[PDB]
Amino acid sequence: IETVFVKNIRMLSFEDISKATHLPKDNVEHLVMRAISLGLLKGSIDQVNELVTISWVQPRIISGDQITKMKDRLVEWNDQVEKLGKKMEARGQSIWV
Amino acid sequence: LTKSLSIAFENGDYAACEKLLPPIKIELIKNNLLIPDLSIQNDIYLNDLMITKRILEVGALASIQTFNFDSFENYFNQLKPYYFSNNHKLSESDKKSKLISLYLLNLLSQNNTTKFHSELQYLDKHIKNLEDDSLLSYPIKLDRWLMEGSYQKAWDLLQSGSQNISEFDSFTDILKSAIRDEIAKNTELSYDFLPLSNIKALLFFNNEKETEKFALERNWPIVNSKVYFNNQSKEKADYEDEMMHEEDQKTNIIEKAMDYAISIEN
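Sequence order for the protein chains is O and T. Positions in the first sequence are counted from 1; adding 296 to them yields PDB author numbering. Positions in the second sequence are counted from 1; adding 6 to them yields PDB author numbering.
If you're looking for bench data, these hints aren't it; they were derived computationally from the structure. Check before you lean on any hint, since a few could be wrong.
What the hints assert, rightly or not - Capping the alpha-carbon separation at 27 Å, the derived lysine-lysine pairs in DSS-like fashion look like this:
| # | chain 1 | residue 1 | chain 2 | residue 2 |
| --- | --- | --- | --- | --- |
| 1 | T | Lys-262 | O | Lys-383 |
| 2 | T | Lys-256 | O | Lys-382 |
| 3 | T | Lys-102 | T | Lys-25 |
| 4 | O | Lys-382 | T | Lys-262 |
| 5 | O | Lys-338 | O | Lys-315 |
| 6 | T | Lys-182 | T | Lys-215 |
| 7 | T | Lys-215 | T | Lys-240 |
| 8 | O | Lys-379 | T | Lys-262 |
| 9 | T | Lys-232 | T | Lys-206 |
| 10 | O | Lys-379 | T | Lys-256 |
| 11 | O | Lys-383 | T | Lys-256 |
| 12 | T | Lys-206 | T | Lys-182 |
| 13 | T | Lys-121 | T | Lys-86 |
| 14 | O | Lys-338 | O | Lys-367 |
| 15 | T | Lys-104 | T | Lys-182 |
| 16 | T | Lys-86 | T | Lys-104 |
| 17 | T | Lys-215 | T | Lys-232 |
| 18 | T | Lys-232 | T | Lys-191 |
If we strip away everything but chain O, and leave its shape as in the complex, we get:
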């Protein structure tokens, strides 16, 4: 739940998960399944691409470190709209009636 949340990616190879939790591939598959039953993560599993694509994360307590991570994500989208907005000012100049 920690690894998906903190990352801006939301697909992880089982290799990364295997190394972290010191589990075999048989047990990553159970662990992922349990998260889904209890409702602590929801998602779907490709054991043919070898990913776990999580699609929802349970909100939890947000501590000092996480706010900084949350914050940066927001600066990127704020700047992205502003850049994008100049072109849309530029184009279709004739009419703004």
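Take the given structure of chain O and dock chain T to it, following the hints.
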């Protein structure tokens, strides 16, 4: 003085031509004033024309022989209207037929193919059967083989082209290189890799060490005796994305839809 350029060519000392030519260039203006540059032709003018022409033609060959392509280009341009105006009675030379052969090679060797076809159209009606194609065959047939895409027939005409010397070896040597680069571009699309041996045969070398050196300079790494044509292609492409003009030429989704609404609403 004027006459010295004419006998200097016969010596065979062709740098001596060029170092002699500056006085003759001032004296060539005097020659130009005698003819009206052929806006009327008369028989007084007909003696004079031979004089004006003779100076240009021997400079022209002499320049090619010292590998001064630039100077050659200017000469050819002066000469061309003189053959062009008037019913024949002194509008050709022994030298002309050879001269047109050399100019056609210069365009091919610089790879200005655009001007190679324009020039031949204009040329056609002076060489059709009147000087005919007798020496002119050499850039013409080469051309037929390059259009077809027979880089093979093209290579052979160059290879047999060194037995007969008139002075065409100053542009044959350049055309040998022109072919390799053309082949080199086409084979990137075809495949990613050719073994070292298959490269030598296609791109026309006589040493396996030259083949490898050429590849390094051209931005293909040979690693494990397999060339990677894809390298250069990625790098050229990366460069186009590096410079910016770029957003409008491709056109965004947003940009297409903004253009529709404003066309209407005027």
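List in ascending order the numbers of the hints, as given earlier, that are violated by the structure. Going through the list in order, the structure violates no hint and respects every one.
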